[PDB]
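Visitor: Starting from the known structure of chain A, fit chains B, C, D, E and F with the ligands onto it as the hints suggest.
Each chain, written out:
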Amino acid sequence: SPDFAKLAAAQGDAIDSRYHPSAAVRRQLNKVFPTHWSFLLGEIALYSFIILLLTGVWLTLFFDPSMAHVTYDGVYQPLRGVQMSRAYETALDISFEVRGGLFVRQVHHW
Amino acid sequence: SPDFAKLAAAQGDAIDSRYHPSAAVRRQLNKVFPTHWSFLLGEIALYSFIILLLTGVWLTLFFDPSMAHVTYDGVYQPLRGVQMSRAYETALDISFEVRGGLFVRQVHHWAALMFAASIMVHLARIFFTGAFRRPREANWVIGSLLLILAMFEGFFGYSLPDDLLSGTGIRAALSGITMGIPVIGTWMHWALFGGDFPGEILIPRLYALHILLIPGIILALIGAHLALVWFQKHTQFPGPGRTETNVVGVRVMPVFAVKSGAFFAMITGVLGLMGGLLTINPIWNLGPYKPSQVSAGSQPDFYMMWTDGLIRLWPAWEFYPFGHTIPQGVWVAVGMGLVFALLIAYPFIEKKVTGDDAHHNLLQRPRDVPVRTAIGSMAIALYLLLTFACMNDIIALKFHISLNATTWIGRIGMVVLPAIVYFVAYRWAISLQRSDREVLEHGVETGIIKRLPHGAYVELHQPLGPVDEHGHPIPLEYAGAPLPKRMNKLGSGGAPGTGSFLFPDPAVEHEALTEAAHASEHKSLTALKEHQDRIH
Amino acid sequence: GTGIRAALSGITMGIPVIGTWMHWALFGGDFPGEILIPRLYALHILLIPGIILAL
Amino acid sequence: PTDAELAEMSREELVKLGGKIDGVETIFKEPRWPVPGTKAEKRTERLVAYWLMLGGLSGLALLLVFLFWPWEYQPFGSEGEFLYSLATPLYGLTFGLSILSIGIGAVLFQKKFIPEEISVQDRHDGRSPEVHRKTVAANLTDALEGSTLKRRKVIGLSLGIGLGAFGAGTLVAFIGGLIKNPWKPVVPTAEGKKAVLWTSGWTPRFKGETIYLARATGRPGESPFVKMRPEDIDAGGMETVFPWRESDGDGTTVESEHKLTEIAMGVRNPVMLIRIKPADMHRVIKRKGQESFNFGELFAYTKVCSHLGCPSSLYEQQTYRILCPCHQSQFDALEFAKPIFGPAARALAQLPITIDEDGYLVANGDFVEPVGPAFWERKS
Amino acid sequence: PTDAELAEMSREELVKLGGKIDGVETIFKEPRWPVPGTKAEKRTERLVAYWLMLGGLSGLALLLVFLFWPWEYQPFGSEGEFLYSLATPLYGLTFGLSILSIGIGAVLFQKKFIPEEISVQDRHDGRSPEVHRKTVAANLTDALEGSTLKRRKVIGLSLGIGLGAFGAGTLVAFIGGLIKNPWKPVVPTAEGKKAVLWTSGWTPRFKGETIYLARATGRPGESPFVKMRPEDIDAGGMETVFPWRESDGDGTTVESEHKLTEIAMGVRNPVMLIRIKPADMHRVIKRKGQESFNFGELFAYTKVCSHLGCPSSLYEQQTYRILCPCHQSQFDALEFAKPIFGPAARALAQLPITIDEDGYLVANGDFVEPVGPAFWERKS
Amino acid sequence: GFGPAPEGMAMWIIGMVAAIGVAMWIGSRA
Ligand SMILES: CCCCCCCCCCCCCCCCCC(=O)OC[C@H](COP(=O)([O-])OCC(O)COP(=O)([O-])OC[C@@H](COC(=O)CCCCCCCCCCCCCCCCC)OC(=O)CCCCCCCCCCCCCCCCC)OC(=O)CCCCCCCCCCCCCCCCC
Ligand SMILES: CC(C)=CCC/C(C)=C/CC/C(C)=C/CC/C(C)=C/CC/C(C)=C\CC/C(C)=C\CC/C(C)=C\CC/C(C)=C/CC/C(C)=C/CC1=C(C)C(=O)c2ccccc2C1=O
Ligand SMILES: CC(C)=CCC/C(C)=C/CC/C(C)=C/CC/C(C)=C\CC/C(C)=C/CC/C(C)=C\CC/C(C)=C\CC/C(C)=C\CC/C(C)=C/CC1=C(C)C(=O)c2ccccc2C1=O
Ligand code: HEM
Ligand code: HEM
Ligand code: FES
Ligand code: FES
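Line by line, the protein sequences give chains A, B, C, D, E and F. Just so you know, the authors' numbering puts the end of the first sequence at 111, numbered straight through with nothing missing. Just so you know, the authors' numbering puts the end of the second sequence at 537, numbered straight through with nothing missing. Just so you know, the authors' numbering puts the end of the third sequence at 222, numbered straight through with nothing missing. Just so you know, the authors' numbering puts the end of the fourth sequence at 408, numbered straight through with nothing missing. Just so you know, the authors' numbering puts the end of the fifth sequence at 408, numbered straight through with nothing missing. Just so you know, the authors' numbering puts the end of the sixth sequence at 268, numbered straight through with nothing missing.
Since the hints were made in silico from the structure, they are not lab data. Just so it is clear, CB atoms sit at the ideal spot from N, CA and C, and this is done for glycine as well. Just to be clear, a hint being listed does not mean it is correct.
[Unchecked claim] Pulled a few chain A residues facing chain E out of the computed Cβ check, cut under 7 Å: (1) 31; (2) 95; (3) 97.
[Unchecked claim] Which bits of chain A does chain E cover? Going by a derived footprint, with three or more residues having C-beta under 8 Å, they are: (4) 63-77; (5) 98-107.
Here chain A stands alone, though its shape is the one from the complex:
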């Protein structure tokens, strides 16, 4: 049967025996920050940057950045047989031929 109290105490004794982050952690935890609405404005630029990481690491699994010319012959019906770069054809494969790839592309621009 799980306990999660004796199992969490012997894990803290294991960390504090290998390492010793006792006085180091408590000063970081006991750090006092002012509660004001304006002091969260910098966190929006910190949290939008993490979303640009997570949706940009995804978005480079499907993007081919070259400029070599190739006809389309894909799925978008107006742009059929148009001399395009491969950077534009895979940017039209994220939008159209990847399941929910237009969503992750649009989140990443917003």
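Guide: Chains B, C, D, E and F with the ligands only, in chain A's frame:
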């Protein structure tokens, strides 16, 4: 007018008033690191990591990672009008149409080898000296992921030029091994290539893994790896003043800022010579990758060679359980994770079989550990066999043996040679231990004989300790510290007389210098001795 | 693409400090060239977000 | 320890006070050259300086072998081939030799001028004091028990469902974009829309397509194919032949995209056109199903080997082997390419051959086996 | 502060001891719900639970509207076009509304259940204590004055030469690989291999090339350039025409590379074949140099405008203005395309026009000015 | 004469001998 004295204090007071890093700079400027040559083996893997970042950023803005077919129409005359990928044209443009572009490309492949070589040398310091036992377990595991990433980060590196030698490695590894996996093997192949091999999206996926993701993980693990050695007070060998709760070495500011910064200048200097003098990856000789041609052989770089030899030596063993099949290539994919599982989880295997769960801060000298020295050299001799069996198209041709006999010395030897290196290294290690006890009980074997006046050839040992009223010495106690075996190393050689290599100093200035050599090697000797007695 | 032709190819072509010598150094030739977007893919993934995340 | 005393302490007594705070104790620190008038100190400060001047002379050489040098590529039979071949070696022994000599010249400043100091620092590792183990454990547990979350089995239980059903949301949204279906009907054969691994380029698009066993005229992709007479080769010709579907042709940009889908995108297309000598035919064993897949001492086996898929090109015309260059499997061409060595366990797929009415080599349809290196869903 | 007393200090008494070490004094800290059974606690612990169950239901919806939704692309007048237009909104209001509701429920747990506290922490910034300022400035300078680098004028001067000649070695080797010459002779014109930016496609390769003013037939990627008669357009032309080599044709892959380097790989090619009505001919002011570059109420000005190089395309057939969309320059086609407006200060380079003997439009060579957006080494 | 097998030989006996052999000159033996 420049001063650089008043400006050095007026700027240091501006840092120490806006910020206040003096109660935190000093605690990491009085940090003590042990001076030992083995403790610089991990810095070779770090100083080659920075050169791979610096030389990598250069050719990141010249390389085009697509697989779109394009004729060459450039400067290299044998490759003219050849259907090649765009990743192979812009790797033939770095080599040929950029000033100093082949140099930066060659340094970047040699630094990739020095990165992966000086990991394996650095694993061999950690394993044999026992630098992983009680507090350093997580630093082994955070460590040993950097070996597994450096296998794949390098393998994703030379796959990018889309060479004929390099493309058949992708067909072997990423399309042959990852298609015979039994639970899902074909679903994993379409989730990696976007279709059947080759496809169109492979080399862009192997470009983003290789520039953003895996160096983003390696640099984040290294920062978590060097913090766990900065803030856990680096291990030391036992010795005169080394007593399990001290760090007897040198500080950070005058020394180890110099001998670790000058060592970065030399490791960059060695790779500058090797990247200039020695050609590494001549990708213009073998042509572009097209699936209808091969080269005379196919083999990876030396860090991924033990996987290629692991393919060649397991025989044609397949099972066919139902209307499915289980090919020979899954014996490597289960034989690569099993090697990686034993290497990540080793500090938890040894404490289970020994019960060694006490806090260790003094390194084990690897002759004092006869089993783990023997288990280690079992695993070197299995690595050295698997990395020489993948180049048996070269042992057969250049060393004139056979192509069939080299696999059977790799098949019979895969069982035999790790078993007869375990024996000879468990018996090398104990036989070094008995050599350390013939120098404590009897003394350092000086060469000089002295026939006595009744015959009786003797050897005139130097006792390394106190003496009895009889000619025998008192036996010392072993303490894990390396014992001297030669008398010149105990300072019995002397000084050759100071001066240049051709013309001597006037010998009044010699006796003033050699007196300060026997008063600084003796003030240092009575400094460790009066500190060793202060502890005990 | 016309934003690149306006900004990176019109402003960098008329700088009096050095001239048009920079224009062949960030395009590899005349606009559009061939190594524009793979140079703007390297900067935009590792080189600039490796400085943003370091800052 | 008090400002009344720090106004008169010397610089050495402040280094010792800075080490008592950290436990650092330099036991021994003596300068390298205690004798002022030495004349051996003056020839070891130049011995350090000679390496640092070489690091400046070589960096100035790297600046001048980079600008003033023929870096241009020159071919093998040209005039400036030798002077080009010393461009990148001169980029190495002038770049790397500079900081190799600044690295030596800065070690020699540490070996010879920075004073040898032996410092002992007591590591305080192993275990935190009790006044710090206890004020953290009574701060993390007070942040969890003062939060009143353990008494609220409805918030804390629905949070695990909330973060669970969201964590199942992203890990399917992050992964399910690139999970293709490997058995989707794509390739339009005669049976109609087969899979990809079951089709090989030799599969007929309709009933009577008559794929030709056409070789290439060297560098097979951009080169136009040409048909192959059966009397072209004599004894172990091993000519690589590609699927030429008798309507492709070369010369125009519309039907030049077909020839790149036969080679540079097309795996499992090439086959070897092995010609067995007529003197040794009694030592030929046919396969069970593949009994008449030959036309008169002409055998057609694939280059794509049956273990990880390298093209097995080396043939060794004397003894009928099909040795593969990657992992050296040695398929025995007289015995339906059964492997007689190596890690490969399966035969190469044999292709049937029948001469055309005009007199050219034609395949009788696809293989019996898939050519691929043993995916999980393979029958055998 | 001593282990004999830490065994009996309660969990509240150790937080205050854990804060006085760190300088943190929780002045006020009181739990949110002092009365145990209130029936308003039981409806605000379900209200937190409802926002967390909303994320566990909307996150489960994003698992099910991702796998089980017709995400495939459908054209504009198709049958399942409406279910495609709700694909990516259904990925938005199920992903984002899940963690918005998890984020709302985790704020409403903090606002309503985690106790309000006002902690004060004295920042010790501004200046270090004197014992730390003094044992660092005497520790940095002891590693400099004790290192004996100041007296050694030979090493410290050759170290600046040594590291200086290596810093000037890398920063030329790292940078000078990507520095090209804009004035190297590349394009082989008739005037002895003139450099780039003086060649714009209309420069004749030899004396009588006769580059035709050829238009595009719509979608100019794989479109053959048909010729243009001068009577093809009535009035108010706006026909973007291109250089034509009169050796290309269409259909072959060798000459299809000449039309890929014509438009997409070749800038400053397209010009505007503008036709002027015959009613307004006296209100035409020719340029001083470009006096006779017209043939029968026709003119040919570049699309590439004289300021930052966007294609100017808007025609303004009532009052002749060549408004460009990027920065609104508004050239005046009756006044040799002198600008009326915008940031452009220079005119457009007129191309000469002459009819063929067969009756097609032929350019009489190149321009007079370069077409480009005012590069530095410009003669005009 | 090329390929990754002479790369491996010329790494261990040239590059890593001159990296260990320098480390043995800088560091000490204890
Ligand atoms: C060539 C391939 C490899 C290239 C790498 C080159 C660099 C590798 C070594 C780097 C050495 C560190 C460099 C700085 C140290 C400078 C010496 C010093 O001031 O203090 C002494 C220093 C003091 O050390 P310590 O910390 O104070 O304490 C030591 C104790 O006193 C007493 O300690 P102990 O009792 O324990 O024993 C001391 C000694 C044990 O005693 C020894 O064994 C002495 C060894 C003497 C080395 C002989 C030269 C090395 C290479 C020979 C190549 C000949 C050409 C062949 C060409 C064939 C063409 C057909 O152990 C060691 O010092 C470890 C040395 C490790 C190197 C062993 C080499 C193993 C494999 C050899 C293969 C070489 C690659 C061949 C590839 C194919 C051919 C290209 O001791 C040394 O390190 C001596 C090293 C000797 C190397 C000197 C030459 C530098 C190498 C560059 C050559 C190019 C210049 C020559 C042409 C220019 C003409 C003017
Ligand atoms: C991108 C990136 C770098 C990511 C890394 C971020 C990351 C993952 C960090 C994780 C850090 C981890 C895991 C820390 C755990 C380590 C640990 C046990 C911490 C507990 C703290 C502890 C034991 C005591 C408390 C210490 C205390 C009260 C105060 C210390 C604060 C002080 C004095 C200074 C600030 C810290 C600071 C500036 C540290 C710099 C030290 C570092 C990281 C140097 C890097 C470094 C360099 C540069 C070397 O060249 C080197 C060469 C040879 C060996 C080692 C190193 C080495 O560590
Ligand atoms: C030390 C170790 C592997 C400990 C692991 C113990 C453990 C937990 C084992 C369980 C896991 C298992 C079963 C592992 C099996 C091994 C395996 C398959 C993978 C592990 C790979 C690995 C980490 C290897 C590290 C060991 C290693 C190769 C070298 C240690 C460095 C040492 C001790 C000496 C180097 C000496 C040196 C610098 C120069 C000598 C020059 C020579 C002759 C080097 C020998 C040599 C080598 C080593 C090449 O790799 C090589 C590759 C390509 C061409 C040629 C060579 C070559 O000549
Ligand atoms: C096989 C992977 C690795 C493992 C298991 C490993 C393990 C360790 C351990 C246990 C230590 C500390 C020894 C001590 O406390 O004395 C250490 C130190 C160190 N490691 Fe590694 N390491 C590995 C790879 C690397 C890599 C790739 C680098 C390059 C960045 C590196 C750089 C260092 C540095 C700088 C130190 C501190 C100084 C030293 O002891 O050399 N390590 N490593
Ligand atoms: C530190 C771990 C790294 C290792 C071990 C490594 C290894 C390699 C190797 C072996 C190659 C092939 C060299 C060749 O083509 O001959 C390569 C190529 C390349 N690497 Fe890395 N690399 C690393 C990091 C990086 C980073 C961080 C970048 C991004 C700045 C990068 C960018 C590149 C590029 C663009 C190439 C292709 C250049 C070419 O093909 O010549 N690498 N790398
Ligand atoms: S390639 Fe023929 S067996 Fe692996
Ligand atoms: S770009 Fe059209 S005027 Fe500036």
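Visitor: Please verify that hint: residue 95(A), Cβ, nearest Cβ of chain E, below 7 Å or not.
Guide: violated, 12 Å
Visitor: Given a cut of 7 Å on the nearest C-beta pair, is the interface hint for residue 97(A) held or broken against chain E?
Guide: holds, 5 Å
Visitor: Test coverage of the region 98-107 of chain A by chain E using CB-CB distances below 8 Å; three residues minimum.
Guide: As far as the region 98-107 of chain A goes, the hint holds, because 6 residues have Cβ atoms under 8 Å from chain E.
Visitor: Do at least three Cβ atoms from the region 63-77 of chain A come closer than 8 Å to Cβ atoms of chain E?
Guide: holds (count 4)
Visitor: Given a cut of 7 Å on the nearest C-beta pair, is the interface hint for residue 31(A) held or broken against chain E?
Guide: holds, 4 Å
In summary, the one numbered hint that this structure violates is 2.
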